[PDB]
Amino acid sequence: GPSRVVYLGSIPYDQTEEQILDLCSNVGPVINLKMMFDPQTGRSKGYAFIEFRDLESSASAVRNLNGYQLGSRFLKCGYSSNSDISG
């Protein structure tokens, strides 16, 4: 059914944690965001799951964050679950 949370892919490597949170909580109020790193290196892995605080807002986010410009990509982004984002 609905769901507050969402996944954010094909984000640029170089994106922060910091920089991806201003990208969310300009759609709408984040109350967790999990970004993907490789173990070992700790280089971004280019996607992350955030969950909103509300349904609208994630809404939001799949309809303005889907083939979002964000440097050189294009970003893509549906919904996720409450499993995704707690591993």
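Residue numbers count along the first chain shown, from 1. Throughout, rigid core stands for the largest set of C-alpha atoms superposing within 1.5 Å between the two forms. What changes on going to the form deposited in another entry:
- Comparing the forms between the two forms, the C-alpha position of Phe37 differs by 2 angstroms or more, with the core used for superposition.
- After superposition on the rigid core, displacement of the C-alpha of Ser80 between the two forms stays below 2 Å.
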The other form holds:
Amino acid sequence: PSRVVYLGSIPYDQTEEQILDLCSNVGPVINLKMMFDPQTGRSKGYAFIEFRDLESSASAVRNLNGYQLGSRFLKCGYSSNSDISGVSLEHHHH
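Since the structure above is the form deposited in one PDB entry, I would like to see how the form deposited in another entry looks, so please show that one next.
If you are looking for partners or other molecules, they are not here, because only the chain is given.
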């Protein structure tokens, strides 16, 4: 486990604020990394979310995985990273 989770299969128009609001139902979020196209504002379909504690990140993996958001079923797993700084490395191997 990690306090950081990966969240994937996110509908592209969902904003950082909407993903933050979603994740808040799990627990407090201390960091959130997403990517958006500078011309369209559309995201790339994923986020890394760092929670305040491991109970919360466990709950994220259990309860955000399979969560229906719009027409999509989200995927959620633990990040291989213990902190938010290295997550870009991880994602560019997928």
